[PDB]
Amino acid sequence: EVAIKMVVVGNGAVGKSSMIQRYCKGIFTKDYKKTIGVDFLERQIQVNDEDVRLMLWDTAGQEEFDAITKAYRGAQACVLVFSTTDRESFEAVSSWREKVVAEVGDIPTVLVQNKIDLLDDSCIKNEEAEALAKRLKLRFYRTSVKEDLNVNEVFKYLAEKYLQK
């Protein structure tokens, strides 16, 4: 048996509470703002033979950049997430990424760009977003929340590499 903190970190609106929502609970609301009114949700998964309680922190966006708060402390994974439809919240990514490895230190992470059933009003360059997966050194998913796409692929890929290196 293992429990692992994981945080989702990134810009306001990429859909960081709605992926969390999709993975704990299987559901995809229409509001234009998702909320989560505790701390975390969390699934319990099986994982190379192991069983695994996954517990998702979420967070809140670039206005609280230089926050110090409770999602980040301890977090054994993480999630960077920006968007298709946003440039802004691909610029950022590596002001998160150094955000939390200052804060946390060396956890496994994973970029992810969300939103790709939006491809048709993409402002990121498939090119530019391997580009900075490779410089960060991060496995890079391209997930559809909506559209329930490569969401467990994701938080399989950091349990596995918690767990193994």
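Numbering follows the first chain given and starts at 1. The term rigid core refers to the most C-alpha atoms you can superpose between the two forms while keeping them within 1.5 Å. First, how it differs from the form deposited in another entry.
- Candidate set 104, 47, 132, 36; criterion, C-alpha shift of 2 Å or more between these two forms after rigid-core fit; matching residue, 36.
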Given for the second form:
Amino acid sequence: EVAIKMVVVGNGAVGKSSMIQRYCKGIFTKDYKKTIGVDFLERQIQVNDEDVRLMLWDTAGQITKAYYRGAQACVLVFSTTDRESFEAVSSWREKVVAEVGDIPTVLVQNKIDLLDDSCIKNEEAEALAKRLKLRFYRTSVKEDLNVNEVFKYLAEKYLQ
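Alternate state requested, the form deposited in another entry (shown: the form deposited in one PDB entry):
Shown below: the chain alone.
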């Protein structure tokens, strides 16, 4: 079994904990509880012909070097309804790079079910993905849309 440590970063309330808990535990709740300390969740999946255990590290976005240390893949998350979270993506990217260098990374626009309150045009999100040279997924944790694919992509990229 191959273990992969993955970090998930982004501004407060973008849905980092919701993403991780949906992926690992299959649930979603509407109430916002800011993450306390660092929470460790895991999921065992199959990639090709190999058992893989994804070790997902969760912490609040509003961070110690120990959180990033040894990270092998990274999700950069912003929220459909939070322009500041989108503007902060580059800052989060550079924070991760400064800690661990070049690791497989993916850009995620979460809360896509709230498109009526969107603060980011589709073309702006895609322009950011291109400028950062990152694969881009639109997710809804509430609807369980594309969450599995985000983590599968990172696991496949690490193993390749």
